[PDB]
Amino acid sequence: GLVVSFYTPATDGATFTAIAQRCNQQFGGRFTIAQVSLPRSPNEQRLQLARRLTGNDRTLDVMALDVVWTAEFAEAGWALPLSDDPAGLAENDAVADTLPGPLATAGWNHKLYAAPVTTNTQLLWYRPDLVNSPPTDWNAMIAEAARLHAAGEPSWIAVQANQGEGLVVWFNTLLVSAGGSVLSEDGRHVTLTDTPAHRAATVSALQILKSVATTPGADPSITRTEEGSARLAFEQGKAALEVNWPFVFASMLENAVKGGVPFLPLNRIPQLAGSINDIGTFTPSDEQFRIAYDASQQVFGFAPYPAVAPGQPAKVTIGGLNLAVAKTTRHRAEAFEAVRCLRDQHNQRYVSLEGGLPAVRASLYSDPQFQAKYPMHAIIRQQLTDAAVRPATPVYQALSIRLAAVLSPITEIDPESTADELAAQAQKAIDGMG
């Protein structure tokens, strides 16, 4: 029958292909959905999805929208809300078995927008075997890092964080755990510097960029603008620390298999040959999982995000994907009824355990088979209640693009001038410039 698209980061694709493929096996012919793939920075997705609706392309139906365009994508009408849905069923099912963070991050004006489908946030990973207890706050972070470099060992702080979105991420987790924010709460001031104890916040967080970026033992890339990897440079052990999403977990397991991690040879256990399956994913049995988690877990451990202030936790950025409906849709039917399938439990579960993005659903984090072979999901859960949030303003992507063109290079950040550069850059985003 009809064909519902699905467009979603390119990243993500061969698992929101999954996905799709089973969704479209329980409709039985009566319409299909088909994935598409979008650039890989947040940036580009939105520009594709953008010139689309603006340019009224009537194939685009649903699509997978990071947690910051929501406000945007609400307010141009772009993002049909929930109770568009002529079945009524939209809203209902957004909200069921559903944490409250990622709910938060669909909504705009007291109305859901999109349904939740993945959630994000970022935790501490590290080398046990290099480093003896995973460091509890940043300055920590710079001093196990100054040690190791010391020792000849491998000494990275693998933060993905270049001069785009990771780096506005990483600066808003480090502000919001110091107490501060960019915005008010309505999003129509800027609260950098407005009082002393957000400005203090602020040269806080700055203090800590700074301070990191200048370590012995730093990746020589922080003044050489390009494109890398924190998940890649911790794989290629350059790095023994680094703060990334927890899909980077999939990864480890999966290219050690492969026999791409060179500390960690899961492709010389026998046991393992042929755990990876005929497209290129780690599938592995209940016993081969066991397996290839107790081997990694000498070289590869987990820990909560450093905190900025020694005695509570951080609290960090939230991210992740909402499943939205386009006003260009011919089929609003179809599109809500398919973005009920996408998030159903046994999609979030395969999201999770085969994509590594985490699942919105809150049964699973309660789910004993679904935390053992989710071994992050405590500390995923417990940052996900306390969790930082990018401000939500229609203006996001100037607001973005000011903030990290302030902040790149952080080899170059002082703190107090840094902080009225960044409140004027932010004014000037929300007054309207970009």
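Basically, rigid core = biggest C-alpha set you can superpose within 1.5 Å across the two forms. Numbering follows the first chain given and starts at 1. First, how it differs from the form deposited in another entry.
No residue in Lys238, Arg330, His149, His189 other than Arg330 shows a CA shift of 2 angstroms or more between the two forms after fitting the rigid core.
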Second form
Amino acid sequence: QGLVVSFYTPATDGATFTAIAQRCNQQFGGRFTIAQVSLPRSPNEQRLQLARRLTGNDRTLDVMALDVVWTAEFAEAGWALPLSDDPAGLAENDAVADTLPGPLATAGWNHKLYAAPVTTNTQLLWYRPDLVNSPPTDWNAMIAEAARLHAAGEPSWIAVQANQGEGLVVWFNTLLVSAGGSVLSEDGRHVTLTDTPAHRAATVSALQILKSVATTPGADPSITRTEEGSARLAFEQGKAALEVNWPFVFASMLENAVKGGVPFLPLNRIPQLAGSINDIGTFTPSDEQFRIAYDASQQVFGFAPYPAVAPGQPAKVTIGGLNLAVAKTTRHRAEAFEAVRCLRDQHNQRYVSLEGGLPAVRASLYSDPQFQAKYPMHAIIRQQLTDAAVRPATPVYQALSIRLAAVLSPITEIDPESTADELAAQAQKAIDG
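Can I have the other form now, the form deposited in another entry, not the form deposited in one PDB entry?
Below you will find a single chain and nothing else.
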């Protein structure tokens, strides 16, 4: 026998989360162990299996990693215990102490914390410094640069995820919040897209940018013809000189370049990098090999803040990532909340970042020299995580998102004024559920 605390996570991060689980087991003195359980790789199927297990009162479900936008759903439904339900009374303070504000904001609902952040994410600008002298600082500069490049016969696509789905919703949300707007009110009860002249201007601004990118000379046909594509691959293959995307494109760039799949960046030819591809095809460099690959990448691969909407205001970039929640189905609340605290301590935060490629939520880690070595863009991330935009927090997020995506796509057919009103009407229909 033996008491087991289940720990449900996306399969994508199964190896990483298993290792920190095993690290935590060391320090429980055999009182109990954490067992990682892999949900499907698809986020939507992860949420649907958790729901099945919660409404089915599966008593072995203890700790679960939730997407940052599932907070309201799981809290309103009584599926995620409030942190104040910890018999030890430690969960609340732990989740606040040394956690960046952006991640923390995703974990609340009705002014109460219902989960503890563990990982986060934000989008940056990635550009070709050999083709682009300075990184565009706002979206008008993005447009003008891409158009100049087209007239010069050079890579002109702006690589951004804009197909119908959550990625387009994320992009619209960033533009909207950066312009001072909001989809919903504080309680997710009212639609605030067009309720005041100022809010309508923010919505119109964001729609104009979406539409401007779609109709820029030399645009990506995945946008102009609403086709399947990939922002990451477009940049790696040399068809886009500008990209907004999560930081996983950094590791992908170096690994694929070392494998010889990046034509403008032949890291595969550098003698010092011989043997750095391990027996499963992963770029696993030493500290010096890393600094060589990153130094050589700088000639052709740069990063910068997400472009602003307004000339002077830094962008409010939609945040992603995972929060740790204790399920209402647990039989051992005390051990479950203790497990959450161990899984998100400083050493395990260092691990998920360095070995897992998942940005940590602990502010202290953005001062760690080892973290700064492997995240040279740490300072931009820290700033965008502290001043983040949050997707609308509502129990009906899934219906709201689907409805917004259907209106916004195809983005070539946006008419900012009339689309603004159609956005608000469709958001209203989701809130009426």
